[PDB]
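**Q** Next come the chains, spelled out residue by residue.
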Amino acid sequence: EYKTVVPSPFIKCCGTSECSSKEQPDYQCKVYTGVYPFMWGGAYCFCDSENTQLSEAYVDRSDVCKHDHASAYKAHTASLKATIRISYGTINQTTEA
Amino acid sequence: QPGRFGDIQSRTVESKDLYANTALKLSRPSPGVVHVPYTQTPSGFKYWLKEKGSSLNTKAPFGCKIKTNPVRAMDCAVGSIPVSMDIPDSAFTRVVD
Amino acid sequence: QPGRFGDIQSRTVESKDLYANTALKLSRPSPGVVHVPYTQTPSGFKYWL
Amino acid sequence: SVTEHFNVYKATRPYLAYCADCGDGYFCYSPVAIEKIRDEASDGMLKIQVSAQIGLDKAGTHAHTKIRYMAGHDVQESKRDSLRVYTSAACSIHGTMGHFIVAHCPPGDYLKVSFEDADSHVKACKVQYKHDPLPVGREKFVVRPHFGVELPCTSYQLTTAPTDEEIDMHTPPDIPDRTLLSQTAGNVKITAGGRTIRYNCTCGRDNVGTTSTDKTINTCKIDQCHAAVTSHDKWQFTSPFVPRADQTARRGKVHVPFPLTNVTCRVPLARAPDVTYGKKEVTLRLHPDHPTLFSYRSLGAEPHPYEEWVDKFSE
Amino acid sequence: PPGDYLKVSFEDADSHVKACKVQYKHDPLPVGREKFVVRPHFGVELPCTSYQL
Amino acid sequence: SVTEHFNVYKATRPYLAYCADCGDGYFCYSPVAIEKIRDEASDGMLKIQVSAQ
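Residue numbers (my numbering), protein chains in the order written: chain A, 155 to 251; chain B, 1375 to 1471; chain C, 1269 to 1317; chain D, 14 to 328; chain E, 11 to 63; chain F, 807 to 859.
The shape of chain A in the complex, shown without the other chains:
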């Protein structure tokens, strides 16, 4: 399973905040102009329209992937080991070959 890493939005009040590339898998980043977000106590920014939210997200391997993962294998050239019981007279014995 993948983990999707989504930081807090970098809301730049009264300004702008250009995005930049990163090497992380499936990484997406976009800057959205003209945001005017609210928090519980009021508007987050003074400027009514000169704000930009930088949204960033990328994919990472899940925190349990060490423990819950499936292995894709190529499988070929099988070797056969057999356990045989040999007996005759006094001898009666089991050997792997």
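Derived by calculation from the structure, the hints in this document are not laboratory data.
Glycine included, C-beta positions come from ideal geometry on N, C-alpha and C.
Any given hint might turn out to be false.
Stated by the list, open to error - Derived EDC-like pairs: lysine to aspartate or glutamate, alpha-carbon spacing no greater than 16 Å straight-line: (1) A:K157 with D:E53; (2) A:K157 with A:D222; (3) B:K1420 with A:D222; (4) B:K1426 with D:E315; (5) A:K157 with D:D145; (6) D:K71 with D:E90; (7) B:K1390 with A:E250; (8) A:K235 with B:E1388; (9) B:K1433 with D:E320; (10) C:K1314 with F:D827; (11) B:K1390 with A:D202; (12) A:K220 with B:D1391; (13) A:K220 with D:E320; (14) E:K45 with D:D122; (15) E:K35 with E:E55; (16) B:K1390 with A:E177; (17) D:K23 with D:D287; (18) A:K220 with B:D1449; (19) A:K157 with D:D122; (20) D:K325 with D:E294; (21) B:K1424 with D:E90; (22) E:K28 with E:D14; (23) B:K1424 with D:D145.
As the list claims (entries may be wrong) - Not close to chain D: a few residues of chain F, all C-beta gaps over 12 Å, as computed: (24) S807; (25) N813; (26) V814; (27) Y815; (28) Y821; (29) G829; (30) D830; (31) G831; (32) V838; (33) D849; (34) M851; (35) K853; (36) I854; (37) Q855; (38) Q859.
Based on the hints, put chains B, C, D, E and F in the right spot on chain A.
**A** What follows is chains B, C, D, E and F alone, placed relative to chain A:
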């Protein structure tokens, strides 16, 4: 491919490099709301886990019993095994006996 | 037969004898528990109904 | 001992994030906002993360019986006895530590976490979540049996010890509160009551307003004026529902408690089929209590696998 | 929530629970094109009707 | 009379019994192990036997 087994792939459990193709796309935040909204195709591994069906242990021919660690097919009732037998004279009894 | 109609049979309501063929089998108490664990085919009358 | 595990939270605060459905059909800024539901235990235990912190005093000392949560700018505290988790019916909560809950839930298509405010008002958050865990065995059994088989599974271990799983802590953003401003004969009183305020007033001084009140000796009024609490002494989770203060690296971490561990789960054993033998026929009468996988194969060179989840009494 | 019955109940002055239950199939149709279960953080504001409080 | 109907229990004790699920998903020694649920009533009433009295 997204939403199918191996939408993320890693050459080993520990590897630093991850291929990811999950179709992660960001979208613009709703007016006055802080939430970094986004769509992404659900985990192809977590689809596989329910789409699996019963494993090869229930389906292998010749009555094989399949096991892991190591991958092996036990007791496959197929073919025949030549034997070369070098028996010493001390195993037999003489015709006089 | 077990789990079908007539898995237990009585010649009359007041009969003291009873035929029963319910496939009751006991199995070993699990390690550390006092429970009398058993398996039995559910009543063929309550299936019939 | 647990008191040295929980003190990792003493550097941190709960937070008042946006919840899209607060158990009534509408939004509010909720002290219980569900951030992620983790579901990777094969036994079906859910690990739920909430914006509350459970097991902690206002001081951040460990306490069995307290939840701490935001009521505004101030952290408040209330009884753990009120914490309830529901899907289609009430879940059983097996463990709690800070932001995290582990619970066993019945199948359902939403998940609600709730507790009671210090004023005994119920506060909650609800999220859509299709909970329908796969069976551990070959039987979609409902309740743990007195007798059966111990199959291997995984479960979240109920230990609070530090773990490799972690969540990034950062300084809170500058929390706006337009009740800090008040008009006084055309002036704007900055009611910096035990806070450090950042303000802007167009006609006023702007920049950081500092602790203690400011008169804003002019006519600017509350329009063209703004204030926010700044320079908080405690970190918050970098959740996507709360702005980030700056792009710098996280000021700290908290570990995700209750590590995933290997366990055995007691699955039932279905009844031995009633069987009769015909000429090249086996007739099985199958009496499942719950959806039970029936399967067979030929032992020849051509198996023709059959596979049927039998939920009805069938031959 | 969806369900087959509607029960209204309240406690008497002596804290005895008093109730009534009726059969009433509550399957509401979706607004729009998805039978969603819970209100999401982001989506569309589709028009509808409901009882003004 | 109800008192002389009940007093047959005066010779008796409740008991603990093994219990596979206490409501949280693990085994229990509760004072209310459910011994049998009897369902012979056609209206669907259940007669439940528990180790509490």
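**Q** All hints are to be evaluated individually against the structure, with a verdict given for each.
**A** Hints and how they fare:
no.	hint	verdict
1	A:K157 with D:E53	12 Å, holds
2	A:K157 with A:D222	13 Å, holds
3	B:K1420 with A:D222	11 Å, holds
4	B:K1426 with D:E315	22 Å, violated
5	A:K157 with D:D145	20 Å, violated
6	D:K71 with D:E90	6 Å, holds
7	B:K1390 with A:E250	41 Å, violated
8	A:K235 with B:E1388	32 Å, violated
9	B:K1433 with D:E320	10 Å, holds
10	C:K1314 with F:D827	27 Å, violated
11	B:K1390 with A:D202	43 Å, violated
12	A:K220 with B:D1391	15 Å, holds
13	A:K220 with D:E320	32 Å, violated
14	E:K45 with D:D122	12 Å, holds
15	E:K35 with E:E55	27 Å, violated
16	B:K1390 with A:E177	12 Å, holds
17	D:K23 with D:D287	63 Å, violated
18	A:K220 with B:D1449	32 Å, violated
19	A:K157 with D:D122	22 Å, violated
20	D:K325 with D:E294	22 Å, violated
21	B:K1424 with D:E90	42 Å, violated
22	E:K28 with E:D14	20 Å, violated
23	B:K1424 with D:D145	11 Å, holds
24	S807	39 Å, holds
25	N813	33 Å, holds
26	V814	29 Å, holds
27	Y815	26 Å, holds
28	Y821	16 Å, holds
29	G829	6 Å, violated
30	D830	4 Å, violated
31	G831	5 Å, violated
32	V838	15 Å, holds
33	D849	24 Å, holds
34	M851	22 Å, holds
35	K853	20 Å, holds
36	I854	15 Å, holds
37	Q855	16 Å, holds
38	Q859	22 Å, holds
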